[PDB]
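Visitor: In case you want the letters, here they are:
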Amino acid sequence: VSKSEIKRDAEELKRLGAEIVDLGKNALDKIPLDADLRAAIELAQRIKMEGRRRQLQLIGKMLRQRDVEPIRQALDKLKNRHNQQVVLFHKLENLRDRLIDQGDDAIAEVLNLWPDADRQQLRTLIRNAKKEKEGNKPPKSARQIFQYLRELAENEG
Amino acid sequence: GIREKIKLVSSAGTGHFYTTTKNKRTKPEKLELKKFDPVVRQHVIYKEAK
RNA sequence: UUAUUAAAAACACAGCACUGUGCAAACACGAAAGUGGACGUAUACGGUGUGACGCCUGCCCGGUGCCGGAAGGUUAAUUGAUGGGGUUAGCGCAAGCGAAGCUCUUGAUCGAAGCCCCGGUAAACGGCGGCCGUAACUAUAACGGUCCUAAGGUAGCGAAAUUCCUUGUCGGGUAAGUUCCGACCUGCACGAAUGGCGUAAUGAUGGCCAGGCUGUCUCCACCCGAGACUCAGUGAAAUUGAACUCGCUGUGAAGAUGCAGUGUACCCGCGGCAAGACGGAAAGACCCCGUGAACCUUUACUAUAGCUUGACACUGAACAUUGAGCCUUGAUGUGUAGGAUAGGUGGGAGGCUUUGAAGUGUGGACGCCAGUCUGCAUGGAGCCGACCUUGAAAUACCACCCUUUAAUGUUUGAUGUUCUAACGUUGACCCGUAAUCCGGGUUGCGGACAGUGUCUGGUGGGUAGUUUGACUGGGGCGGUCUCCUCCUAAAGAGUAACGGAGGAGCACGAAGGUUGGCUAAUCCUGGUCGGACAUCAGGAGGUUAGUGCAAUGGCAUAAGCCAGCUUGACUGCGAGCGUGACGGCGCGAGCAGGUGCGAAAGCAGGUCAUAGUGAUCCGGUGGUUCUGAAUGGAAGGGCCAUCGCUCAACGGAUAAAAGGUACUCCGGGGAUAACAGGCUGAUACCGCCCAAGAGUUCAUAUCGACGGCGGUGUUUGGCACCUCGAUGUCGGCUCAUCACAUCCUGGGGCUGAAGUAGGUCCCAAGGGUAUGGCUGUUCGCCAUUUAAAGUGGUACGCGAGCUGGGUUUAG
RNA sequence: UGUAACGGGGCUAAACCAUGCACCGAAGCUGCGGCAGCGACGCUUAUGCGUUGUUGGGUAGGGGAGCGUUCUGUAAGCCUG
RNA sequence: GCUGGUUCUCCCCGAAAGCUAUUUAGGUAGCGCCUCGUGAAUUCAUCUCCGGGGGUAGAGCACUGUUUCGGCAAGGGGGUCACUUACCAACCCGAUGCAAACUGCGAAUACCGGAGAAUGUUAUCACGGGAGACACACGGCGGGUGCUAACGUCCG
RNA sequence: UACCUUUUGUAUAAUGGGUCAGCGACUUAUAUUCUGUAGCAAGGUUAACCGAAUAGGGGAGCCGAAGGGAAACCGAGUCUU
RNA sequence: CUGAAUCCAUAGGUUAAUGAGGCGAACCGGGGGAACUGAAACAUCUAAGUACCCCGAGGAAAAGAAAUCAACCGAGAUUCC
RNA sequence: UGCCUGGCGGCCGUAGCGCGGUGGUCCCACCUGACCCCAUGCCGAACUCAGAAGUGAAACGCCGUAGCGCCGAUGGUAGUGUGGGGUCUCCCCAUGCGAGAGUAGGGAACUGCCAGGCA
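Going down the list, the protein sequences come from chains 8 and 1. The opening residue of the first sequence carries number 27 in the deposited numbering; numbering runs sequentially from there. The opening residue of the second sequence carries number 3 in the deposited numbering; numbering runs sequentially from there.
Since the hints were made in silico from the structure, they are not lab data. Possibly wrong hints are sitting among the right ones.
Said to hold, decoys possible - Below, in silico cross-link-like pairs of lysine-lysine (DSBU-like), each with a Cα-Cα straight-line distance of 35 Å or less:
id : chain 1 : residue 1 : chain 2 : residue 2
1  : 8       : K105      : 1       : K36
2  : 1       : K36       : 8       : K40
3  : 1       : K26       : 8       : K103
4  : 8       : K51       : 8       : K74
5  : 8       : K33       : 1       : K7
6  : 8       : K105      : 8       : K156
7  : 1       : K36       : 1       : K49
8  : 1       : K52       : 8       : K33
9  : 8       : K103      : 1       : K37
10 : 1       : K49       : 8       : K29
Please model the entire structure based on the sequences and the hints provided.
Guide: Below you can see the structure in the form of structure tokens.
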């Protein structure tokens, strides 16, 4: 509706692209980014400062022509700034004590709602979780419980 | 924007390629097009249209 | 307290509250020593908020700040396993491959803080609002139904800060009170330590009233002294282009002593008043500009001081616990019906076993004792699987294996305990030494901690350097900058405006080329579901239809429509022309090669055309032995094609930048606003004409609807001209002047004028044309008189006459 | 502010309409004299004339040709109590 | 990148306040324009004739819009339990207008080129040196905006 | 109806000067382009330095007589194919 | 020559001989070190290791004898034009 | 070389549209027989065939018809270049160029080459 209205909208997308290049390689693969865009990211930091502007012009160019919300939404989870991400972790730890203290009454909800949960391994993990807590041993396996639930949270496959 | 720029490489062993644009969304099939190649001084097929 | 315009309601104040601080205290001054705090010790010191006293300080942890907790995700320095490249001893009669060493590069594992996350913290920063409908305007202002908020104002005090009409209107104060005082209400915002209510006393504090008092005033008069005046003596000043320096009308860079016309005026002093010389004193302080400067702000940029985490060194000796990878070593997987502690991916109706078995027992051991594995011999010849059921069928076996975990060896972390010999000691004691410095020695206490040095992660307007482009708009924000179409555009081309209409940042491998073929809108008749199209049979129309999209110009040889083949949307070019200052852009016959179409003549270097775009620098890829800082390579560089811009500020100042300054400054500008002055009459005021209608008959005796023509123009406005090296306001006092569109007096006309009293119009400017409360007032209201208490110009007169009440820089 | 809507006096034509003949009227033109630039022919050649016609307002600006002062060589020359 | 001043004389020539671009709009670079120097063709200007395309003035309503009058009128509205009405009217026809974004028509001038007699100090073009300027105002003509309101703005 | 500056536009009441006398402003250096002038000429010319000290020596070096391409390279020819 | 903590020895104290203390215009080396300005702004940079401050001696100072260059031929200190 | 027909051109309505008449030995258009040569997103109307039995119905050519379309004067008028003037939002004067529309009128085509048939 206004040429300058598009301008600030496009410029806002430009600084978003400048945030992707300023993000580490290990966390770069987390976002569902296409290979064509991904390949342009690695060349962006290794190019000289003036070429970064051209690369920033590149990154903005084919990022506007496609959908942006899933990329922005996925980036928000990694930054842990989207509201649904932090509450998801709240319920993820809310089912820990619901499961680590009983071990039988909490598995029903997980299997009924999530069909990719390996109940063969989950029961054994709770067996170790009960053993370490009862024997007042350091929680060397409690961390792995959260990783498995977190991994299955976003379709581990 | 929606269009994706593509490169057409000669089916022969030469590395000479041509530049063009095709909409992948509507035409995802690879092109079967032949065009003149100066290095071989003949007409050669071009493929691998992204 | 603002020396030298603000003495206050501002600051401070004892008190109150919160927070930080255990002594080598926090903090500050200082690269550090050291000092202050304090030679004090939580009843002490520092910081912050409020500010006697009395009643009290209600709700909310959402964001920021603070504390604690850490479960988890992200995260640098640090260390160097793979992968690739270069070089070559050699292997190759060569193309090539390639041992070791060295080198360059991607970078697995270790990696904390920090960020988030949780609970508190509001006498921390802060917040306490809506939408629908009810009364209550009861003695005190509190009740329902909802939002996406964490929460909707407790008491206190109401005329408050939005809200308006009849200054809000009643009463005091006054004859008359836009100020003052308690109150009606249609009022609830503030608002409870950025404190709320009341508060005696206090104050050169704001406003109002009353009593005595007076030249403050009607209305000034006289007198006493110092100037002002004359004489004698001494003797400045700012300013000054030159002057032999009049009034009036008009012109003129627009307010004329100097111009044009005309009138007046003997020459020259002195004492005065100040209307003018856009007077004098300052290169305005009011507005604009500068790719000017300086301060301030931040979730603007790049940085940093400082704070903080980790690694490395100072920095050590004895251990104990234990987290992580790696090598086999055997088990290990209880949702359910089910012989029953079923792991996923393929083969699978059999492998194994007298190189001695089903099934009975202990030992060790897994272990949710529900169950299972196993050395041993006893034992002396054997076990399954679709079986029906399970989502899924096997300890019938053969493998990649995942998780949990058992026991050695390897590597590296983390935690805890002991000690002293590093290091610290603003602990004691002794000496230099008749010394609260310092050093040396003993001992005690910590102790490889703290702290320090380099790098690194985080915080970091506390500090430093900058940016915030041009066009005009306003309480805060926005829009435009490139290209294309028609008109404006005045018949070559081109031609601007805040001139009127718009579109583009694509798309098409067919929607291009060739060849062949065909020609619609709209309407008539007929025709079935079927209607205003379904497709049509017959007809006037040869394009008013269509031409991917906005518009225009074209399109029948069709460029419009359909089908076959198709890549000429090709490579190197390209004489020549046009457009622009140029970069650039467009057309382009024709040549060489290889192609597609049709038989051939020929067409095809994209789309009917005009917008669909980006020059250079610097990056990726391929080729080029083009070059290769001793030789051969290599690295690197060059050339060509190629993808590489919201470089959109689109001829593209940085790869990297937002705002304010009434605390501002500097250099310029009437290159640019406001008030006034001369154009102007959109709106509105004044006059006249046209005259249907209402008017006892009777249009202009008196109005008069729908319209038109003129004039100051004092409201509401816009245009070029400026005094920014200065054009001082609003109002009041003194002073007045001019025109009459006359308020009175004067002379009349008409009258629906009996007289007085009246109403309208004409002539007439000689004179006169008010006193007080309110508010700074102009104006206006009110009180009370007369003949009235006139209308306008005087730059809406008058500060080189006064006033500073409004406007009023600095608090 | 003062006649102020012919510049004034003033004009019944000294206003207006149509014609004719004259005059005044600028630095315009012509006459005389003088200077300078510009081409060309003939006198002839470092060049001026019998000439020839023409040109000669001018800011920013450009081109050309000169005057004046100090000092140096000229200059132990010259003027000079 | 601003303001101010830039000092002796003579002669000759002598424009602009425009275009493009500019973190540019009071500055700057190229061009437009000026001066000097070199070279070059009847080079260029004036006029006559010839060969040219307009869509401007004007005019018109075939095409694109607006709109009036009269005639024929499909149909819409009500009533009568096929008829009618003091309601409205599509379309066509004849006439009348207007239009920058309409032209079945269409000038004068302007512009391009060729030929020619005469005149014009080559006044024409190419290159080189040096500039200045890029704030224009008014009047006439044809326009946009404004009320053809303006000592109004922007155009040729 | 003065001068200077500013501007389209000034005596303008837009700026500056009270007067006189003196002082006061496009210079200098190093490179680069063009013109005039002088020498030499397919050659021109020396720096530093020595020095009989502006002489002479000194040809170190620079420019040009051949250019084309980025370059290897080619050559009165050169780059693209 | 004396001389503690601590026996030896030290730290320290006294006496004696030698050199310096400060000033100075420029030059040298070193230790610190900006901005105005240019890029038409500005952060890389230039400005510039300049101005400025301090230290040491000098008449000069610094540097001075190759772990230097060059390229398969080769020069054999440093310094300056 | 005289008449008729057909093809390829000159010019593009004085070149056409409409109405009536005329033509089949010859030149033209419908109409017949349909294994094939040419190929479909759908048959031999309409484009490709091996045949002359019929007809000039439609079309085409020719002639007349001025109903329409079209061309088009002369004069007049609007407009305009140049210079001057006016009571200057617009006009006039001297001269030059000269509209559109309308009227009279014209107009039922002309022409080149070749082939065939009748004299």
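Visitor: If a hint holds in the structure, say so; if it doesn't, say that too.
Guide: Each hint tested on the structure:
Between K105 (chain 8) and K36 (chain 1) the alpha-carbon distance is near 49 Å, which puts this suggested pair outside the 35 Å criterion. A distance of roughly 40 Å separates the Cα atoms of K36 (chain 1) and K40 (chain 8); the hinted pair therefore is violated under the 35 Å criterion. About 31 Å separates the Cα atoms of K26 (chain 1) and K103 (chain 8), which keeps this hinted pair within 35 Å; it holds. As the CA atoms of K51 (chain 8) and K74 (chain 8) are separated by approximately 18 Å, the hinted pair is consistent with the 35 Å bound.
Taking the CA atoms of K33 (chain 8) and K7 (chain 1), the gap is near 25 Å; set against the 35 Å cutoff, the hint holds. A threshold of 35 Å between alpha carbons decides the hint, and for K105 (chain 8) with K156 (chain 8) the separation of about 33 Å falls inside it, so the pair holds. In summary, the hint linking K36 (chain 1) to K49 (chain 1) is supported, as the alpha carbons are separated by about 8 Å, within the 35 Å threshold. For a cut-off of 35 Å, the pair hint linking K52 (chain 1) to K33 (chain 8) stands: about 31 Å separates their Cα positions.
Of the supplied pair hints, the one linking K103 (chain 8) and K37 (chain 1) is violated, its CA atoms being roughly 49 Å apart against a limit of 35 Å. As the CA atoms of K49 (chain 1) and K29 (chain 8) are separated by approximately 40 Å, the hinted pair breaks the 35 Å bound.
The earlier numbered hints that this structure contradicts are 1, 2, 9, 10.
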